[PDB]
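Only one chain is shown below, in structure tokens, and it's the form deposited in one PDB entry.
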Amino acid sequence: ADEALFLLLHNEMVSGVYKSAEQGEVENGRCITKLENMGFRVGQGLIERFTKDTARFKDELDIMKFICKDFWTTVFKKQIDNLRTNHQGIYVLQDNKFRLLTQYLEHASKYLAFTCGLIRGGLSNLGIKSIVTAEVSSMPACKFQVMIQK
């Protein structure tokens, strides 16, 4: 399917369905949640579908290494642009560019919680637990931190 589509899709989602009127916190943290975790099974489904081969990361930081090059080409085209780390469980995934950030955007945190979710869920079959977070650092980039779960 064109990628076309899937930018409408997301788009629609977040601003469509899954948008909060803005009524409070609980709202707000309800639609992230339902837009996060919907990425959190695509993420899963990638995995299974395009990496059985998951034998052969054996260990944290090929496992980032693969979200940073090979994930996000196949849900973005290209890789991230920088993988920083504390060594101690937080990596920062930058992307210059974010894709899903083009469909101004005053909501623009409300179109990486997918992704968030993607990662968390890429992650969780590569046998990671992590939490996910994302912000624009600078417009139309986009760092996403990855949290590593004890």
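Numbering follows the first chain given and starts at 1. Here the rigid core means the biggest group of C-alpha atoms that line up within 1.5 Å when the two forms are laid on top of each other. What changes on going to the form deposited in another entry:
Once the rigid core is used as the reference frame, the Cα position of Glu25 differs between the two forms by 2 Å or more.
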Given for the second form:
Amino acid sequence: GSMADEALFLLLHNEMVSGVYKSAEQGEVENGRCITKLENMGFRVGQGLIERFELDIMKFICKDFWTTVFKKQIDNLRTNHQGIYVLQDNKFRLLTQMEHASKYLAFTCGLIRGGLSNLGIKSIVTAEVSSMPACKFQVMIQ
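Could I have the structure of this protein in the form deposited in another entry, to go alongside the form deposited in one PDB entry above?
What comes next is one chain alone, with no partners or other molecules.
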């Protein structure tokens, strides 16, 4: 049912994170490589999802794209300035089992960046836990 459907990505993400950290070579946690691994995997998956489907583009990230991955829409899309958006998820699926949380946000930052890349957009995407398990993703167009 929906409960199992809503767990599938969390379970797979948990394996990705655990395995990247467990399998890290000497110095790769400390030098940021575990992070780039997670962001780069997210990028490829984001690209791939797009292949199966500026403000209009961002609402699609917030709605159809978020719903595919997380079974719900983004709670709030805000943009204060040309080229920078804040996407707020009030109960971020991947944190529902809890600086040390950043590793659980990296893959998703990549997902958003990859989806945008294949729509012709260069971006930087960062994230922070607002109040566990709420999260804000900051999308910065380049």
